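**Student:** Work out the full structure, taking the sequences as your base and the hints as a guide.
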Amino acid sequence: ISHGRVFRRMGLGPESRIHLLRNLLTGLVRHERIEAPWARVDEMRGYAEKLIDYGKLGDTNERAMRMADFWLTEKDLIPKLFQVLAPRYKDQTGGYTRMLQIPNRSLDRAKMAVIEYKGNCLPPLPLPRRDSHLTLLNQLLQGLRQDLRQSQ
Amino acid sequence: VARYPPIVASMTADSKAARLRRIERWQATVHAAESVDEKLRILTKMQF
Amino acid sequence: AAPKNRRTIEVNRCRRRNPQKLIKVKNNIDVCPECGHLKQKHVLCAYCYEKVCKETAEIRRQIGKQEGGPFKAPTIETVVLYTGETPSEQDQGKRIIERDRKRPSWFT
Amino acid sequence: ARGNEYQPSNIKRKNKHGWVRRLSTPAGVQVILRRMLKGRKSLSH
RNA sequence: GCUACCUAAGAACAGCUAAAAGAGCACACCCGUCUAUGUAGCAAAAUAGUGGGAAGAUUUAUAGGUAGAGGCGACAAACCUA
RNA sequence: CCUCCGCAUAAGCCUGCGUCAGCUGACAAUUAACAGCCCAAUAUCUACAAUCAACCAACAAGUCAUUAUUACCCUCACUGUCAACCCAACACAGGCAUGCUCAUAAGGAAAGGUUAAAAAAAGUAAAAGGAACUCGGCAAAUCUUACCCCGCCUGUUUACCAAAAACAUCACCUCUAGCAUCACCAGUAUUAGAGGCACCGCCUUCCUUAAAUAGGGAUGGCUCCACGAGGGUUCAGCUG
RNA sequence: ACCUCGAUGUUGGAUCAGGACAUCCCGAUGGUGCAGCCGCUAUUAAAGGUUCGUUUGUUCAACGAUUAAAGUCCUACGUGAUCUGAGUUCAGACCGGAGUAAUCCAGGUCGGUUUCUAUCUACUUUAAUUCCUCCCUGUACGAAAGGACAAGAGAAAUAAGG
Ligand SMILES: [Mg+2]
Ligand SMILES: [Mg+2]
Ligand SMILES: [Mg+2]
Ligand SMILES: [Mg+2]
Ligand SMILES: [Mg+2]
Ligand SMILES: [Mg+2]
Ligand SMILES: [Mg+2]
Ligand SMILES: [Mg+2]
Ligand SMILES: [Mg+2]
Ligand SMILES: [Mg+2]
Ligand SMILES: [Mg+2]
Ligand SMILES: [Mg+2]
Ligand SMILES: [Mg+2]
Ligand SMILES: [Mg+2]
Ligand SMILES: [Mg+2]
Ligand SMILES: [Mg+2]
Ligand SMILES: [Mg+2]
Ligand SMILES: [Mg+2]
Ligand SMILES: [Mg+2]
Ligand SMILES: [Mg+2]
Ligand SMILES: [Mg+2]
Ligand SMILES: [Mg+2]
Ligand SMILES: [Mg+2]
Ligand SMILES: [Mg+2]
Ligand SMILES: [Mg+2]
Ligand SMILES: [Mg+2]
Ligand SMILES: [Mg+2]
Ligand SMILES: [Mg+2]
Ligand SMILES: [Mg+2]
Ligand SMILES: [Mg+2]
Ligand SMILES: [Zn+2]
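Chains as they are written, first to last, in the working numbering: chain B, 1 to 152; chain X, 1001 to 1048; chain Y, 2001 to 2108; chain V, 3001 to 3045.
Where hints are given, some of them may not hold.
[What the hints assert, rightly or not] Below, simulated DSS-like cross-link-like pairs (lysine-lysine); rule was C-alpha separation at most 30 Å, straight line:
id, chain 1, residue 1, chain 2, residue 2
1, Y, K2072, B, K75
2, V, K3016, V, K3038
3, Y, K2004, Y, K2021
4, Y, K2072, B, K50
[To be verified] Now the in silico label distances, taken between C-beta atoms and shown as ranges:
id, chain 1, residue 1, chain 2, residue 2, range
5, V, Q3007, Y, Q2020, 55 to 65 Å
6, V, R3013, Y, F2071, 58 to 68 Å
7, Y, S2105, X, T1029, 53 to 63 Å
8, Y, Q2020, B, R129, 31 to 41 Å
9, Y, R2017, B, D108, 23 to 33 Å
10, X, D1037, B, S106, 51 to 61 Å
If you are wondering where the hints come from, they were derived from the structure by calculation, not from laboratory data. Note that beta-carbon positions come from the ideal geometry of N, C-alpha and C, so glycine has one too.
**Tutor:** Structural data, given as C-alpha cells:
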C-alpha cells in the first residue's frame, strides 16, 4: 500500500535519491536543459522550482544560501542561481520549468523527458501547439462565442 | 555580505580537478608539517 | 516443482498467441506538421528534437570554448547570435555566443 | 574449498614429470616408450 | 604442486596491558562456535554477522622425502589431487 | 559515492582492452645498472648467539669469520623485463607469500528504465509488558550474577553434516635394551624405544518457581585453583 | 502381508484448519432420591466457542491460575514441494552391561547438511456468540440457611466487517 506516498523510491535509498536529484538539478542549473528518465525529471521538477524560489528569497538570506550550497554541487552555479535565474523569474510566481516527453532512450527504451528552465538562450523545443483558431471547429466555436455575446 | 562558497573542485569526486585538489591537500599537509623529518616522511612515504 | 508432462504445441499456441500477449496497435501516431515525420501525440517529434539537440550541442561547444575551464559559469545572461546578427539593445550586458551558420528558421 | 589442488610451479613440474626423471628409472623409460608408440606429441611433462 | 607428517634453509606477528608467560584484550594472519542466506549457489562447502587462537605445540612462502597387501596419522578408520 | 583495497617483488601464465582495418587479420613492443647465470687447487682454521647488545635475563643453546703455499693479464657475454595476468570447467562474492602505502597522491561504481502488489532476504523504529516465545534466551538488544556435570590447563580432530566429555598434554606409572659409523645416534640407564593414565595436592525429604519429568543439597578413591565458542541451572538488565 | 523399497524417515510443536456427533459449554424438552440453588440422568440441537503458564521432545500426564467449557474422534495416528528439528535415525565420544576381541545395546548423555524456480488439478472478497452486573428481587421457592426464573437495562470480551 502506497496511498498518499508522493516521493518516488529512486537510487540506493533516501540519501542516494537525494544525491541523484541533486546531480540532475545541478546539471539543469548549468545547462538550462536536461534529458533524463521521465520519472527522475518529474521528481526533480519540484526541487528545481524550489531552488528558483530560494534564489528569489535573495543572495543575502543565510537559509537560501545554505540551501543553494547544498543543492548545487558545482559552487560556481550559486552566483548564477542568485543573479541570473532568480532575476529572470522575479516577475513570475511559478512554472519556472518546462518538462516534455522525449522518444524513449535507444539504449534501454526508458521513458525519457527533457526539462528546461523557461527563458533560456538555447533553441526553443518543438513545443506542442494547439490547433489554429482558423480551423473549421474553432471557427464554429467562434461563431458560438459571438452569438452568445450578442444575445446576452 | 553575500558569502558565496569558494569556487573550487570537490574533494571526493572522480575528476581531474578533484584529483588535483586532493594532491593540493597532500601538499598542504606537507606544508603544515613542522619538522624536516616529517616533511621528508610525507614526501617519500608512498613508493611508486 | 518440476513439470509433470510436456505441454503440447496446441496449449502453448493457445497461451502465447493470446490477445493479452499480442502486441497492441498504437493509435496515437501522427504526422509532425513541421517536418512531416512520424511522432506520437504526447511525445516530441524525434526529427525536430534531434535538430534542436544538435544545435544545442553546437551552442554548448561554443559556450565551453568561451568559458575556457571548469567552474566558469557566468553571472550574466547569455545570448546566441548567428552570422549577420548584431546585439540588440536588450542584448547589451549579456555574454554573446557566436555561431558560424545562419539563423535557423525555427530558431527565433 | 576444493578444486584448486594444482598450485603450479615449474620446478616441481620438471622434477616430478620431466624427461630426466622419466629416464632415471626403467619404469619411466617404458612410460616414454608407451607415449612414443601411441604417437603422443608430448612425451614428457 | 591438495592433504598427513617430516627435512633444509627463510618470512610474518599492529596497538594496549603485564613483564620474560604454550599470559590477558585486541589488528594483520590462521581457524571455523552459532545464526541467517545459498542449496544446479558467487562457491562440487561460499557469503554476512557472530565467534576461538592470534609470541607460539603459532601461521606461512620455497625445494626435498615417505606410495597403496603401502605411506602418514596429538586414532577422527583422519588424509594420501573434489 | 566506495575503498575490501592499491603499487611493486616473488610465484604463476605467456602477448591475453597498444595502433590500424574488418572478436578476427596485420603491425608494433619488454633495451641492464635491477635479477638470474659464479668461484683453481691442496691442507689448515675456526668454544664465547640473537635479543638497539650496553646493564639485566636466561634457555629451547641458536642465521653469518680464515689462514699457508701453489697457480692465475681476456674483462661487461647470455637470459627475465609486456598485460586488465595465476589456481578454481567461467569477466567465478573463493585461494594466493613478501615490502611499502595504515587510507591513500593509488584504485573503483552498489542503481538497464519504471511501479512500489503478495511471499521471501537484509536493515532501522516501536505504545504497554519484558522470556509470558521456545527443546533451549536460537536470533536480536544489552554489557550481566551465582552454581553444578565433564575435561586439569594452552593446543588437536572427522578438509565437505559432529570441535566435544574424544586425541594430545606436562606429571606419574609399566615393560624392553649394556650398545656405536645411514634412523634410534654421530646418542649410552639421570639414556633410548613401546605403552598406560592424565597437572598438582590429599588419604588409605529440603531450597529454588504460583506452578519444577528441570537445577542444587541433605593401590584406587577424593580434591574444580585456573581455564572451556563443552553440557545444564540461574539473579538482574536487555530487548519484536 | 494386498499397493508403494527405480529419493516420501518418524514423533511432537507452529500455521491453517475440513468433517462426524457418540454434546464439554451455550439453546429446547422428559424424568428425578427435581421445594429453590446446585446437581444426576435421558431426547433434540454441530450455528458459535471450547484459555494461558511450570517441569518435560513429549503427545499424554502432574502442578498453578482461570473459564460458560477448557468435549471424544476422523482427516496418510490431517497438514513437514508451508515451517521446525527438541526425542528418535548414519558416521564421533562417554557411563552401565554383553562379548576373548572386532563390536553390540528396545538403556542414560553430548553433537550432528531438512533441496526444489509450481507444468497440471483445486483454490485465492460467500442476519454473531458468550460472560458479568443491575432490575424483576434477598421476589417465587424455603422453616431457615440459602435462593430462582422469564422480560428489560448497563457494561465488557471475543469473532466478522470497516
Ligand atoms: Mg531501483
Ligand atoms: Mg600450497
Ligand atoms: Mg603483538
Ligand atoms: Mg596468549
Ligand atoms: Mg596434526
Ligand atoms: Mg576412536
Ligand atoms: Mg569408528
Ligand atoms: Mg580423491
Ligand atoms: Mg552497477
Ligand atoms: Mg532492475
Ligand atoms: Mg516495544
Ligand atoms: Mg530474567
Ligand atoms: Mg509455551
Ligand atoms: Mg516458557
Ligand atoms: Mg546469542
Ligand atoms: Mg579440554
Ligand atoms: Mg582450547
Ligand atoms: Mg566435519
Ligand atoms: Mg581442520
Ligand atoms: Mg562443525
Ligand atoms: Mg526452562
Ligand atoms: Mg500370501
Ligand atoms: Mg445427539
Ligand atoms: Mg488409524
Ligand atoms: Mg536431534
Ligand atoms: Mg539412545
Ligand atoms: Mg541430543
Ligand atoms: Mg555445538
Ligand atoms: Mg523446506
Ligand atoms: Mg514456492
Ligand atoms: Zn517534426
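**Student:** Each hint: holds or not?
**Tutor:** To see whether the hints hold, each was checked on the structure:
no., hint, verdict
1, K2072(Y) to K75(B), "10 Å, holds"
2, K3016(V) to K3038(V), "22 Å, holds"
3, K2004(Y) to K2021(Y), "25 Å, holds"
4, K2072(Y) to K50(B), "24 Å, holds"
5, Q3007(V) to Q2020(Y): 55 to 65 Å, "58 Å, holds"
6, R3013(V) to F2071(Y): 58 to 68 Å, "59 Å, holds"
7, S2105(Y) to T1029(X): 53 to 63 Å, "59 Å, holds"
8, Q2020(Y) to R129(B): 31 to 41 Å, "37 Å, holds"
9, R2017(Y) to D108(B): 23 to 33 Å, "27 Å, holds"
10, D1037(X) to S106(B): 51 to 61 Å, "60 Å, holds"
In terms of the numbered hints stated before, the structure departs from none.
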